[PDB]
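Engineer: Residue-level listing of the chains:
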Amino acid sequence: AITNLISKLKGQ
Amino acid sequence: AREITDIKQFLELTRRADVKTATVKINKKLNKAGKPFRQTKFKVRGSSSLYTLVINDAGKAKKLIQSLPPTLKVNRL
Amino acid sequence: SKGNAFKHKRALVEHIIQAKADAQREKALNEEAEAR
Amino acid sequence: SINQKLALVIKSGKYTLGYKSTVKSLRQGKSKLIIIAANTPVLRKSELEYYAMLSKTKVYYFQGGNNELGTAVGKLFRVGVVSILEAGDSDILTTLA
Amino acid sequence: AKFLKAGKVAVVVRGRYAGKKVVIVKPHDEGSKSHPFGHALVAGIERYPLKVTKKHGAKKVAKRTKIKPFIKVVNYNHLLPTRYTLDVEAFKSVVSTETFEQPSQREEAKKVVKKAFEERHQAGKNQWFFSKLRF
Amino acid sequence: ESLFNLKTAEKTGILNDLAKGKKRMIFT
Amino acid sequence: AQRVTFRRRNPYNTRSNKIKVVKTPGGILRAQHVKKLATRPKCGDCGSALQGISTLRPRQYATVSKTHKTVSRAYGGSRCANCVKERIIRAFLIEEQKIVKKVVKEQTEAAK
Amino acid sequence: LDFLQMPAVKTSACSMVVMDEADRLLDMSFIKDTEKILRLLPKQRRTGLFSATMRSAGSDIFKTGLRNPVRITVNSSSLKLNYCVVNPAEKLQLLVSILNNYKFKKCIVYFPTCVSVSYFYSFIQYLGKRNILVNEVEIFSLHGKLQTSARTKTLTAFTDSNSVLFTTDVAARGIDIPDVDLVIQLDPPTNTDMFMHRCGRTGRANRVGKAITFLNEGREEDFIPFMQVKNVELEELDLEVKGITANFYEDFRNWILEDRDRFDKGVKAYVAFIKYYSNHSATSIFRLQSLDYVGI
Amino acid sequence: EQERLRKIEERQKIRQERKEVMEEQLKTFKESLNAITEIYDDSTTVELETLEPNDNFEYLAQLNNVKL
RNA sequence: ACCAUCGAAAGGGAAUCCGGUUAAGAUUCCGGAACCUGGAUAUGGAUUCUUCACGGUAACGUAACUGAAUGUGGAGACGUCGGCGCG
Ligand SMILES: [Zn+2]
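Chains as they are written, first to last, in the numbering used here: chain A, 3 to 14; chain B, 5 to 81; chain C, -10 to 25; chain D, 19 to 115; chain E, 1165 to 1299; chain F, 261 to 288; chain G, 501 to 612; chain H, 275 to 570; chain I, 2 to 69.
Keep in mind the hints are simulated off the structure, nothing from the lab.
Accuracy of the hints is not assured; some may be wrong.
[What the hints assert, rightly or not] To give a feel for the contact side, a few chain D residues facing chain E, derived at Cβ under 10 Å:
1) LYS38
2) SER39
3) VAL41
4) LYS42
5) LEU44
6) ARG45
7) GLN46
8) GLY47
9) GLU65
10) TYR68
11) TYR69
12) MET71
13) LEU72
14) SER73
15) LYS74
Quick reminder that beta carbons are idealized off the backbone N, C-alpha and C, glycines included.
Modelling step: build the complete structure from the supplied sequences, incorporating the hints.
Structural biologist: Shown next, in the form of structure tokens:
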């Protein structure tokens, strides 16, 4: 199951 | 002008209704082995082209000459 | 050779063989000089 | 930074640089993340996006051109897309980046 | 995930059948001795059926609905996989590696694929697969 | 006439459905 | 050491009339006018010479078969292979993006 | 390399390469083959280089293709390092005077070339036929140009009672024969890095083992300080040349006169040694001009 | 001597023009873009130092540092 | 949907060569040999169950291998200079 494919940093 | 390697094709050419004359030309020329030999060119012109058959074998040339139609004019050289 | 370093084939061959000898020798060069 | 994680992956993990290698790894399903530079052509970028959508592979858009991405990888030639087969000693996959 | 599996609909981008729609029957991810690359056996449409309007006569309607198939071994690099799928159950046992070594088996496989495709089109299913791509 | 975009593919909120090939449309 | 000149009406060094020198079976040097060379057909998208298509004069194409001036692929004889592949990929991706946009729109006016 | 070059073998799944004696495999001779071997294999892998003299291959380790490397150095009188300065024409005699007098279980005698190994093995066997040396000594020869099966059989016979081995630099590095007491280097090696290996077969667990070396009396003043700079101390040993009152060279000469094959082997070995001395590092220490050609 | 001088200042002008146009091209493309030692119980120590096979990282870092 | 026609024997352009021949004619005549364009038609072959053919992963190959309106692409069709390679 996928809801998002585009990634990003978490701690910013 | 065209060259043909087929003997029966040449005979078929000489057998058509509109055939005038066939030319038999003899050339004394040497081969790569250095021994000279006799090469025979049989030339007949079809509708718009002149077909030439080159034979480097004497016996085959004799057989083809004997196989030519008896009502066909043949130019020797 | 593009930079006119070698003037003919003999120079190229000599440079090749001299480079081979110097590559053979530099490793012991250092201790060779230190010992003396 | 983000370049440090990429360098760690290059040094310790498993990766493929280039469009053909990335597409091959996506076809084999051996990819975990694809980093795409901003300099990539629109047709190849869209094809990579569609392939990642088909194969359910995470996509990260590098903030720079192909030569900045190449320098981040540590290479002196431009790279337009990178595929991370195995993170290895790094943590780029865990941090969602 | 792996998406180049049986039943996946793809578009051919290279070769005589470029731009034609095929469905994958048996994917070979390691390649064979004769095809040392990642390839797939596919069955595709060479001649799409023509659109039918109510003016068309019964004899004509039969002519326009005909489908010409083809079966090919295609390199993965020469395919563009889509997100759509199509059942290959009717003809999965005829398109194998040996079929492309035997012309008679190739002919029989083409016949079977033709029958299956015509039945599926006449049933009204997979209207996107039997639709020409405009490029 | 724009090419496929993953941002728009995520804006619909259905990526599993699109990967499965659910919404099939024919134009013109 | 035998000098030859034009054999036609034009006496000037124009691109139309160009001369080669050949030795005839009579043992003499003679002039011969050379025709303009043919140009390879070019792709209509990128302008590169088409592969597998004969290079002839414009009127010499009407006297050869279709297999000597076409390629069995789609757009064969008009566009090269890479351009056709790009066309296919672009068309498919455009249609997919159209589908995605339509779905997003159906969602966004589904609110009211 | 021959195996990997065959098309039936695929190298794509390899993920681990280990090079033992990596300083020797990156040597000038081996670098041509190892470059190809690593060229065939995938670059993304884990490499382990292991060598007892890994520092010498200084910048050539990066030729292997290290990705995320960590150099590791491990450091700790176990064995004796001696040398004798004698005239070359007596050298073999001195060897005999060591074999029948010293106390050992296994003695490894190193020779420069393979033809020398065979030639001197045959001559020493002939001497032992005449009972020149009287001891319970079994003498073997093992050089690297033999067939592989013969080499394996000879090595397993020597490893298995007092034995002397005439071997080239094949056995110098790596292999461990237990109960080896004495190591003799009839000549110093062509490269000094291998010297520490040749005398390194002994001293396991600080066992009482001795290494001996022979010098040519001409430029012997340069080899000892050269080893000293490399942190190796060679204590001079004085050994009397026993039994050479008369006829040793005469005995050798009249034994050569029996078969012309012996003459051919001797001359071939001498010429091979001259070529071997030509390819010598530390040119100042080992000079061709100062070489005692008549003595050799 | 005067000729050699005027030549070298001409070289200076040319190099400055080329450098300026290169920097402007880069600027306008930018907008279009968007030893440990460990001791064991046997008194034997092991020295562990990390190595850098890819020297390009240091070179790029130093270029960035001098640009800063 | 869009305007007649004129304007180049140096621009664009379908196709012929050798030998011989006169007092004076030649890529024009004679002998031999060959191409171009247009037209009507006949025969063989292909169009493989009866209805517009196949092969190769691919670049592409073929003795053929239907194609209206409509919309495009190529050749025609294109500045000057320098050295290098080949006939
Ligand atoms: Zn093109």
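Engineer: Run every hint past the structure and note whether it holds.
Structural biologist: Hint by hint, here is what the structure shows:
no., hint, verdict
1, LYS38, "8 Å, holds"
2, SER39, "12 Å, violated"
3, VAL41, "8 Å, holds"
4, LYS42, "8 Å, holds"
5, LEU44, "9 Å, holds"
6, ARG45, "6 Å, holds"
7, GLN46, "7 Å, holds"
8, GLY47, "4 Å, holds"
9, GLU65, "8 Å, holds"
10, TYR68, "8 Å, holds"
11, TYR69, "8 Å, holds"
12, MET71, "8 Å, holds"
13, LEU72, "5 Å, holds"
14, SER73, "5 Å, holds"
15, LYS74, "5 Å, holds"
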